[PDB]
Amino acid sequence: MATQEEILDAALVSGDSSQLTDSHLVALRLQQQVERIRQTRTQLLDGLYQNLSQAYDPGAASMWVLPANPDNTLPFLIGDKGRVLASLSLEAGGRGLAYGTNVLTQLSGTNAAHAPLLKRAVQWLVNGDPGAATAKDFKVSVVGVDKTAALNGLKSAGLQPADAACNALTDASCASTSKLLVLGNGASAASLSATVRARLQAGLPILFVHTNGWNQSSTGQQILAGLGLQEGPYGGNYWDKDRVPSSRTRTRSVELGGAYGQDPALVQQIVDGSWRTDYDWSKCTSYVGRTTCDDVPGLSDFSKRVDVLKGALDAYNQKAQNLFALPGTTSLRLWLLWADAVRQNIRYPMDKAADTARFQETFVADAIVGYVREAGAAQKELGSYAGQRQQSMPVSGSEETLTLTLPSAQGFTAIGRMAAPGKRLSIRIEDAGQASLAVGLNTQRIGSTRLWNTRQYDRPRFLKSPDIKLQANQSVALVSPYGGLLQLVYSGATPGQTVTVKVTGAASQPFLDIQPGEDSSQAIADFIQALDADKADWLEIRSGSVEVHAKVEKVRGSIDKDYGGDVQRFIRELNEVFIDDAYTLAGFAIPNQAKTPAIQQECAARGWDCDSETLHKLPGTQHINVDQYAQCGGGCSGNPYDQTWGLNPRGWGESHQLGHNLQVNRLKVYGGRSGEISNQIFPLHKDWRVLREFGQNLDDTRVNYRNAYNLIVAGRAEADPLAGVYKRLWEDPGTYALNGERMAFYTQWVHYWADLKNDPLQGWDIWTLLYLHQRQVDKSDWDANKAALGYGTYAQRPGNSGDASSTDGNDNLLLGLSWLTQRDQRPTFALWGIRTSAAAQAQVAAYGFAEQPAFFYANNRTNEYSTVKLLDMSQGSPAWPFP
Amino acid sequence: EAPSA
Ligand SMILES: *[C@H]1O[C@H](CO)[C@H](O)[C@H](O[C@@H]2O[C@H](CO)[C@H](O)[C@H](O)[C@H]2O)[C@H]1NC(C)=O
Ligand SMILES: [Zn+2]
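Here the protein sequences line up with chains B and E, keeping their order.
To convert, note that position 539 of the first sequence is 579 in the entry's author numbering; the numbers rise steadily by one, no gaps.
To convert, note that position 4 of the second sequence is 8 in the entry's author numbering; the numbers rise steadily by one, no gaps.
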């Protein structure tokens, strides 16, 4: 076998770290490179700064100009908040300098103190020696910024430029006789970034002044890239107003500029294994089983420093740049290979106390993954994420072609293939139209690596790769240390449009795509066979507008325990009992699926638009993660949302979470007070259906009719009966307060509607009708539609506030229930302590409807409506009619 | 103008 020294030398040219295991050896090499770079920077900066004033204040209307490759580029002015206000470039052997504002117009005023240091910078630009005079009348070409202001700027610094009187950016012969090229964002050119890089490499020295305040500049971004620099994030220096004060010493400035982008102290710590044993872990707090340590002193600053390395490397991942195909990238390459070597040695699980050195180095190496390369290495141990099935997944030797629908203007969607660990994958987009695309790997949210919990650092921190930009009809080569599910990220797309995806070298995880109204009998049998082969650790299910990214063993667990091995019924109930139930309850336009007859009739009798795709279009993809861990708790809300028990079509948590992404403010009582209440109609309706379809009684005690009754009879005794019942029921700001008592309000109307239609099966239609009503209120043309919607008295469309101190949800619910029931429902709103605005009371008044006297529906069960008892509440409060 | 926070 070769030596690790021979392995590392060969890995440095190609990127093939497969056989690279000696991370201390790679770390010694990095240490040698970092010290060389720091010595070179400290010579250059000492010459530039001398002992002149460092004072430099670019103001709020300016931009940050950052280095990129640490071996070619470095800061010039770092502010006291650590923002890089100007950067030096030596890209491609040239000399360049970039300012985040037009410092040349400020040398006679707000930045007079910077003028001598700028003189030295130009002298370094023009001659490569900060202490060598420029020649009298040296030729300066000024492009993209006012020539007179720029030249007088240089004259204010004590230089004596002469106007080159030609464009050294676009005119090659001007460039060979100009001594300096000053650039701003007014430039014009074809291939603006390549041209800049070429003048720089031919030896034209370039000074760049950002001319657009705190705005970004597309032209400035291209100029910066040509110099091997990059523009700061959106907003620039507006908030921070960073600057360099007079108090700044040269020594301090030299120290920061020597270290920037190569964290020397971290390299020393990695070489020496001198990781901390004294973190005060007692300062960690738990929250629904999720330990975090943001208050352990020192930890946040250690985390921030590692984030910086991750940001620097991921910038190349996101641009689809392969550092191993770029010249002069030794430092970056070393960082990436060291991390690849650490990944060979990782063993799980680790503990933040019992295993500090392995924990802390792993924490660093997890943040340094280079994804754009022709070869790389698999991490040996994949811990709680995956195992031997993922490692040994077979890959396709030939190019596969997939057609993908992008259902919305922006999002991501599962491609249906996986990167295998350490196996080169090549991907290509075609037929994109106007959509902008990127490929990504996996969908884990970062909270689901529970590395702060005792002995739970058992998987990588960053299983979801950064989004890797794809340009149409240009292949990109990927190697992932982990393997992962391939996502396509898109923006500016046309809903319903297709994309073509070509990919070579990818694995095929079990994949099921069903679309409403088509023949899936083949796709399902394909999917069962893949499940039975037991070749993969991860799978995906696309069904309608729902994408499930799931650990195989979690789903087979749910199919064995709750469905007895019957995959077919599992899929039917996933589609029909869970997904369709919710989206039908919410009255979305489901393809090939008409509205039920009693909904169609109500909508027609009211002259409502209940079918147009513009008002009732299905929302975008809802994503679900089924994993060993969650962002927060055992399950966390969002898109994707997380769950850890498995996947149960009849499960309460499944419909609760989907319900959250279907909440609308105008159907919430007291705003956030109903934040964990109004989405509950989806699990509630599912359970009522499950008891009547299948005879299974799930969660029969969730709706606390008895206790809501108790809080109601008490509050209504007060001298303000509304404000009375309110403070018992809705005042409590606890995010799960009175949760089963507040649900009793929402189901009140189901029982009421069921009676009103004289049909026990129609009660839930009221929420569908309110959902249809709500979307018309939200989106329809106001003047033309407010009449039919029961909003005729409103000059303007009502508000959509979610605040608990708003009436907007109370109002809409009162109006919608009153319009739909054709009864004034203010007595029952007051009985529940629901205060509505005078405009909404004005509107209900104008209906000229018979008052519905305050009522209450009581029951001793949640799911069985046949035992429900109606109480007249208008003349006092009757007794609880059970037993 | 101002950037949106
Ligand atoms: C703040 O609102 C702004 C509208 O006035 C704007 O949408 C901004 O979003 C930024 O727009 C930039 C181009 O002008 C870039 O696209 C940038 O990435 C993007 O953030 C809003 N900023 C945020 C994110 O709150
Ligand atoms: Zn919730």
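Note that these hints are calculated values from the structure, not bench results.
Warning: the hint list may mix true and false statements.
Claimed, not checked - DEER-style ranges, computed between Cβ atoms:
id, chain 1, residue 1, chain 2, residue 2, range
1, E, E5, B, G149, 15 to 25 Å
2, B, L801, E, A9, 23 to 33 Å
3, B, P637, E, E5, 22 to 32 Å
To be verified - Residues from chain B that face chain E, not an exhaustive set, calculated with beta carbons under 8 Å:
id, residue
4, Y274
5, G275
6, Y278
7, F342
Using N, Cα and C, we set each Cβ at its ideal position, and we do this for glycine too.
The hints, checked one at a time:
1. E:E5 / B:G149: 15 to 25 Å: Cβ of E5 (chain E) to Cβ of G149 (chain B): about 24 Å, so the range 15 to 25 Å holds.
2. B:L801 / E:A9: 23 to 33 Å: The hinted range 23 to 33 Å is violated for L801 (chain B) and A9 (chain E), with Cβ atoms some 50 Å apart.
3. B:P637 / E:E5: 22 to 32 Å: Violated, since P637 (chain B) and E5 (chain E) (Cβ atoms, about 55 Å apart) do not stay within the stated range.
4. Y274: Interface hint status for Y274 (chain B): holds (7 Å vs cutoff 8 Å).
5. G275: 4 Å, holds
6. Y278: 5 Å, holds
7. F342: Check failed: Cβ of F342 (chain B) comes no nearer than 28 Å to chain E, outside 8 Å.
Hints 2, 3, 7 from the list above are not met by this structure, while the remaining hints are.
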